[PDB]
Structure formats: structure tokens, C-alpha cells
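Heads up, the chain below is alone and in the form solved without the ligand; it's given as C-alpha cells.
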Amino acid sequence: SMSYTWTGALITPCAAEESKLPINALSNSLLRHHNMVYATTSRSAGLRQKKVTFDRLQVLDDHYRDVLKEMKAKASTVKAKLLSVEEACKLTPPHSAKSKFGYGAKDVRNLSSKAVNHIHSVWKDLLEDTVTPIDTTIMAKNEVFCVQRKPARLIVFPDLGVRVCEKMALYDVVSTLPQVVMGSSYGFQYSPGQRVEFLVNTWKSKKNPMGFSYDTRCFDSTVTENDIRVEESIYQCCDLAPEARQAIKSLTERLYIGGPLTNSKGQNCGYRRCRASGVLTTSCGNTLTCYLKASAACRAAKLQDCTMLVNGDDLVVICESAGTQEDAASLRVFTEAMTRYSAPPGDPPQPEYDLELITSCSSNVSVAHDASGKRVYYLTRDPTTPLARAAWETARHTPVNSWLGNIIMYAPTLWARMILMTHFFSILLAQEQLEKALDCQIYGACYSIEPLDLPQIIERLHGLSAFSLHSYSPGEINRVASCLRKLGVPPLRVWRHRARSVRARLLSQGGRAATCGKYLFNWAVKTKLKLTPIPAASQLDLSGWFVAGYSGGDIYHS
């Protein structure tokens, strides 16, 4: 079956779109090569349509059915509850797309009678009808990148009412089931630090380690009807309320498997027969399907002691080496099996014998040293995209503040500490907006975070060592330095000069701002300070942060 069939109608914009980096008076302090940054827009949607439209074939062998039976055995130990309407409503982003039925995201969060009444009629319809295709809107994502130009990604999502219904029926399932079925291989259960720890321990557990990242080409498009019905059979293994079983069956038949695509102008754009990128189950469905195909492919390839780390379509495997030559051969067979399972590769997989050289979830393990002088492994990444998006956010307020999200996920890195923290705290000072909560995302879920809570939040997730790492690796230092040049960003020596100023300024404010100056920029002074556990860090309720992935899932954790 074709992943998509098209009518010719265009994927249309929902408002004005900007592709060129907006420039203000602050832009140059961060980046000078403005032409390197761009945002994707609907004008490239047609190009994306061509890459994502292809036929899918599947050859399912005994290794595939063996792994699935095992997955189903673990799934049968899961007991999940139906969420109430109020709970589901409270999980809805404040600015989530409004319903076509006369109410918006605020109406839902306030439990307005119109929204709640319509939500109840959608739920009832799900229970009575298990066949009628549910409508979806298809949009082109406006996302920022650096050159080396890619076309806009596509986002397909059902109406707001249906989304609240997905939450009622499946939020508990998608939040609980993956870790049970996949154990330690489920990546979304890990904070950046725990991820590193799982990777380092998994690597150290092999006599002769070897690992590779496996990039699937347009994964959502490779997901077949079979795949989606198999995912549902796994959900159905759970101990669930009868109403939840019916809604899951209905949602699978009417929405997950396929459905008509409508543009922002209300025209039919065509029909989808693959994974929708904008539904509650996108992350969980992709993770389970990637793990099932890969686990089975590991068996077919005769990979020795293969350990998976899977986050949606992002896949990394660490196993026992059989020698340089044999490895190359096994990987080839692994890739052939995945292809048979409808998970063909984009970039061909290549074995790596150096853990730090493996990139998964666009990140890699690197090493530095803490106060004591001890080696500490931490998660970093190429800062090109973080900086391109930071440049955009320097001149444009956007719904998701990636700079904040990146400071939280990459607080221990050289680049997040010296550039992002310095740059944005300088702006918050100047605009006196330090206590203004801002929306950012972690594993797809949206959170309102106050920048003044950063010190505590970081202590909680990375430990106090995040404020004292040093002696980064020549490789890391050099990648950052080279990145600054490609983008036209001031050299690290300049950010250090700046950080000294930002730090003195925060300190002058006292209170929380002073804590920020003290912990976040202790690295900027030749005579470092104390830095002891922050009493308020234990107060923060970080339960739910690193539990599951919700990318495209319309999730908000207030």
C-alpha cells in the first residue's frame, strides 16, 4: 500500500510564514552569518510529499512473531486506567489548536460546558462507531535549521475534541506500557544523565563492544497498517476498562491506521495509510514498532548480545564485536532484515568501536572532570541547531523556547554554559523578565518553567557537578569552536568575558537571581565559590519529566 495518495490540493499555511532569520538589535551579539539560518515553511511541503510517498511491502518471519509474543507477554502485566474528562482536559496545552466545533484550548482547560459537552459526544461516538475514518488536518511545520536546506516536515493531527479523547483512553497506557515491555531499552525513562549511565554501563558490559545507530528513512511513512494493528494488539494485552478497550479499538480503526487529510483551507489533500505524526500514540507506537523490528532483526543478523536503546524512531544498538570484518557483514544482514520489515535505512549503518563516536537522539557521550578532578561522562551534541534556534528566538518570541529546553537537557555542556546561559540571562536581565515563566519541551511534552528555577532544576537532573565540569575533551572543545566559526558566533573567550558581567549583574539582584549568578556562572571566575545543595531543589516536583515520550502528542505538564 502507498503511504499516501494525494488529490493535488496544496498543503496550505495556517498564517504568515517567515523563512529568513528575523534580525533585531540583539542578533549580532550571538550570530553573524544570518544566511546560514532558516525556517521551513509550507512552500517546501510538495518536496516533502515526494520523499514520504512510497509503497510499503512486508515480509514477516518467525523472529518477528517470536519477539512480538514476548512483547505481548510483558504487556499483559500492565494495568492501565481510563482518564476522566477533567484530567485529560488538564493535560491540554494552553495554546493547543482550537476545535472546529466552536471552542479552544482554554475552553477545555477551564472545563467549559461547550467543550466538555462536545468531548462527551466525541467519546460516545468513538464507542458506537468503530469504522468511520476520522478527519485530520495536515500542516507544514515551521522549524529552524542551519544549512546543509531540508523541506518542511508534515504534521497530521485530529480535532481537539478527539485529542482529549485519545488522552482519556490512552494517556496511562502510553505513559506506562513502553517501559514494562522494553525494560531498560526504553529511552524516554532516562534523564540525560541516566541515558549516559545506561550507555556507559551497557558498553562496559561487553567483552569487545561495538555499536551503531540505525537511521530509518522517513520512519512514520514506513509504518504499515499491519504495524499499527500489531501495536493495538499490544495495547489490548493490558488489563483495561471495557470502555478503554472499545475506544482504543475504535481510535485504531478510525484514526491510527489511516484517514483523510484536510488542509488549513478545508480542502481534501488526500489519504494517509501510515503513522500520523500528530497523535497521542505516535511516540509509543514508533518506539514499540522500532524495538520489535530491530530486536527481530538482531536475531536474523545473529548479532551477539545486542542491547537496544530506542526513543521513537531513534535507534541505537550496542553488542559484542565479532571482529571488524564480521561486524560489517552482520550490520548488512541487520539492515536487510529491517528492510524486509519495512524499516529501510536512510544513512547506511556503520559500526563504531568508540562509544563517544556514536550519535543517538542527536547526542553523544563525552567526558569532562568535576571539582575533585574525576572523569565524568555527560551528554552533549553538535550545537549547530541549538544555536540556529537560539538566534531565531533572540529576535522572535516563539511558542517553544528551545534555548531553555536545551539549557535543561544540556546544562553540563561547554556550549550551553558559556553561550546559551550567558546570552539569554543577559537578555532576561535587560528586559527584567527573569521571573516570567516560559514554555519549553522535554521529550515532546510542554512545560512552563521559570528561568529563576534553572539552578535547582539542574541540580535535580544533573547534580551539583553540572556547575563545575571542566577539561572537556579536545574533540568536544573543537567541535564547538568550529561550530562558532561556521555560524559567525563570537569565540568562547568572548562569552567568558560576557559571563563575568552577566554573573555580576545577577548577583546584584540578590535572591533567586543571585543564586543563578552564583551557580550557573561559577565557571566564569578564576576564584570559584562554594556551591552547596540548594534547599529548594528538593521541593520541585520533577515526577513525570523523564517518564515517557509524547512528541506530537499534545501533552502539557503544568
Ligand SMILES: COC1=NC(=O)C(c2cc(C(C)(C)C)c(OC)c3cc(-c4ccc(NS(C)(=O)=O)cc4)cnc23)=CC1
Second form
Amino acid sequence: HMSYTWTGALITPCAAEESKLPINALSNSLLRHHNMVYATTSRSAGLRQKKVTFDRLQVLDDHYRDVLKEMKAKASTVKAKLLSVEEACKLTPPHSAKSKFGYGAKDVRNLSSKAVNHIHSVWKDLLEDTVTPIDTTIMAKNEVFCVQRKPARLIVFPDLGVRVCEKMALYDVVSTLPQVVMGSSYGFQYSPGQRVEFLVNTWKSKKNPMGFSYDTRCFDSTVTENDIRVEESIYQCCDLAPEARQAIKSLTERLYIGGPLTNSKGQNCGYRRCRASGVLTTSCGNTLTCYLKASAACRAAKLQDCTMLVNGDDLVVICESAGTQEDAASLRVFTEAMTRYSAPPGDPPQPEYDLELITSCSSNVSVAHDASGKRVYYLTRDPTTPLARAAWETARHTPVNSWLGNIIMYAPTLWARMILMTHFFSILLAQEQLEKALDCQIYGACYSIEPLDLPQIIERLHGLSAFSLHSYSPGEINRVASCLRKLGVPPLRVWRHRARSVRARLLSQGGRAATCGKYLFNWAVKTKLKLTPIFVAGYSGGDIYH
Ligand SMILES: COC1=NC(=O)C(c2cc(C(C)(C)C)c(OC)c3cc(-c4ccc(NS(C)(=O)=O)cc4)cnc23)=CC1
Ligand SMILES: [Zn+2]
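Previous: the form solved without the ligand; requested now: the form solved in complex with the ligand:
The complete assembly is shown below, putting the previous chain first.
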């Protein structure tokens, strides 16, 4: 039961690949230590192949089937609708991978006869064929990081035509099922603001709180045939159209369980026997399989009052502490159970006795103060990776504007407000690309956002408080400061001086730009202004556009 079998054919790119940070005129106003920032390519694919290739041994006990029986009971109350070709076509990202059968994502979005005719033949094939493995494409992702050098992550996806079919069979499923089965444990339903409220209320609900996070060493590669069939059986509990059931069974058997891996150049690289990173059910499947293994492992560990928060492969549990030694013991039992279930860790979990110390989805809770001086909890993260990607997006146009997603998801943070908002707003002013809508990614889902609508969007995700936050924790201040030192980012005082200019330039433009300057940059001025008023699921790898 190997996660992958290989032939020897290399994972090849489509176009030109850049590993070194591209430098332009705006580069130095953000980052000086350019050699620190790199992007991954198909060059490092071989190392990834080695890492992701291992044999999986599973030992399923009564807690596992007990939890599963509960999940299947909740899943049977779900009703899911079969999407139409048109409905599925409209949920396709505009810069999604083109089909091998002619047409592209925009052809799809325009409901073009060539595309719609092809989508109709794939659907017919799924309904009349449940054995033939569906061909997938293996590709190295091009992602930006800071040093300490990671090998390129892999993306395995079926043809665009198959992807519109997955949308027809499972879009309403992956959207409604995780919330029913897992309830408040399902994280992809929360805004960052509601994610905080949940965590804080959870920590406050425990007498002696204890929290930990669980990082699976390459989760996708640990997902076995069993796990994918289990997922299908969960989906099959729903009230589904007969066409949908059949389509789910064929997509599972032919695509989701495994299949052959093809490079961009058309060769066979090998065979997959685990989770495909670029399928509609990647997020949902991973969330179900993580929650199923962790809930069962919580019971195996006899963990008092387990409160989970699962997002794909990221797990955060908050429970009742039994002292640092018994808690350390319990987590070993948990890690033993998780490994038996074929979900071992990279770094084994550590008990945390302070909410602000648990690392949930590369983020953590932190405290600052509002206008009234009231202690306010918000979500932040290490600015290293966001700032390194921001540097890439200063000289290169990407299909995903990470700086835009980082401004959205981390709006009340010190770093996103001071550096990211300032830098990119001066760029948008200079180019007059302020009214131009930009494509970004949130929870793995593709979004087209008008940058001038940012104060409206931020208020709706965090509240007016995000525009009034101050007096940040010294632990947070120091993480940012040390990061600014690492990458060679100008200090915060430089950014406050720059934000005054951005704000002054923004008021002069009037309209939404004046609101942008008034709400986003109010923190920079010595004469403050009275700021007034103006989430369902995660689709990581799912190929979804809203
Ligand atoms: C640059 O654009 C950004 N867009 C985003 O959506 C976020 C973001 C933020 C957060 C918060 C803690 C701030 C709420 C996340 O946690 C829920 C997020 C969790 C994820 C996430 C994605 C995939 C998976 N699991 S998987 C690999 O597919 O199996 C698990 C979690 C993605 N983005 C998250 C940050 C930056
Ligand atoms: Zn039992």
C-alpha cells in the first residue's frame, strides 16, 4: 500500500520558471535581503517525490467505527443538489488549467458549445463507467518562501472537463456536509473574527484549559484507499439524486482512490494511491478524515472535554488539563493512535497553557486594544511568508494576489496594516489600478475583489475595531520587528511615515479612495477621525470561484 509508485519520468513545467526573487524599482522600499526570498520549481520535484513516497499501515479500532457511525448518522440528515452544467461552469476559476480537449476555463465560464459538449460526454462516461482510472496531471507548485529551502509541493489534478463534473456531483455536498457532520468543529465556516470568538469561548469554557495543534507529516500522502472509501460512504448517506450517487461512486473508484500520474509533456510519471491535491473533495475529504481520526484518537487518549477545530489537515483541540506530565503522556497516546490510523506527525504536538501560544493554520490568537481601550482578541501570524510573497508580487503579476488575501484575512494585525496596506496602496495609486478588480485566494477559493471595497470587506470580517486597534502585545511586536530585521524590511516608523503620504494621496482622490485612506490609514495620522459603518466552506485544490 505505497502512497506513490514511480516510473522515472520527471515532473515537467509548462512555461518559464523563476527561483530567484525578481527585482524592480519598488523592491528595495519593502525588502533589502533579496537572497532570503526564493520560489519553488519542478527542479526540486524529485526530492518531494522521495518524501511523499511511503508505505501506509492502518489499524482501525472500535473508537474509529464509533466516531464514524456518529458522523454517518449526521451525514444522513444532509440533502444535496445536483448542479447543472451551467451552474458548475460558473463556479470555475477564470485562470484555471485548460482542458487537453481544446477549451479553457474562460471557454467553460462562457458556456461555449465545445466545452459544454465535452462536459456532457465526461458526465455520461462517469455514469456508464465505474472501473477505468481517470488520467491526472502531476505538477510542481510555484510557491514563494523565505530561507529556513523547501522542495516544491505537488499538485495532482484531473482534466478541466472532469472538474466541472465533480462540481455537478459534489459542489453542494462539500459545501453543506462538513458543517452538519462536525458542527462548530468545522472551521472553514468561520470568518477570522468568528474563529477567535469560538476559540476564546472554548478556552474560557474549560476549568483548567489545555490546547494543542496537530501537524500531519504530508497528510495527503497518509490518506489510504480505506479513508477515501470511508469518505464516499459518508457522502452516500446524503439524500442524493441517483445520477449524483453514481457519479460519486465513479469519481471515487476512478479518480479519488488513485490513478495514473501524467506530466505536462504527456509521459507516465507513475501511479497515485492516496489523496489528489487538486480535486473538489480535497478540502472536505481531508477535514472529514482528520476529524474522524482525531475524535477517535481523543477517545483513545481519554482526553477530558475534547473541543476540536478542523480545517482540512490542520487540527486544534482544546480540553481539560491534568498537569503538564499527564498531558504530555495523553498527547503521546494521541500521536500513537493517529499513527495507527495512518496519520503520523512531522513535529509531535506539545501542550499549551496559553491560547496565544497554539499555532492554528500557521496563525495564532493575540491581544491589542480598541478605541475604548477594551482588550480585543484577534488572529495574527508570523509575517515572514506573507512579506516574502509580497516581495514577489512587487515585481511580478501572479494569478493569486497573496498580499490582497493577507490584507483581508489579517486586517487587524500590526504588520498587514502598517506594511502590506501601505506598500500596495502606494503601488495602486502610482499605477491608478485602484478601480481594477484583482483575483486573490481565501480558504483555497478564488475571489475577484475590488481593492477600493477593502474597508467594507474588512468591517464584514473583523468589525470596525480592526481600523481602531492599538497597543499590540510585546511578543507580537517583537516577532514583527525581528522578521523586519531578517528580510531587511524598513522599520515600522518608516511605514507610519509612508502611510501618512498614502492616506494624504487617497483623500485627494475622493470617493472610495477617501474612505480607503480614512478607514485603512487612520492609525497613521496624529489627528484621528471617528470611523463609522460603510463564509460557508474551504475549497483548497477544489477549483472554485465566487
Ligand atoms: C494570502 O491569502 C490568505 N488567504 C487565507 O484564506 C488565509 C487563511 C487564514 C486563516 C485564518 C486563521 C486567518 C482564519 C486560515 O485558517 C482557517 C486559513 C486556512 C487555510 C487552509 C487551507 C488548506 C487546508 N487544508 S487542506 C491542505 O486543503 O487539506 C487547511 C487550511 C487557508 N487559508 C487560511 C491566509 C492568507
Ligand atoms: Zn464504542
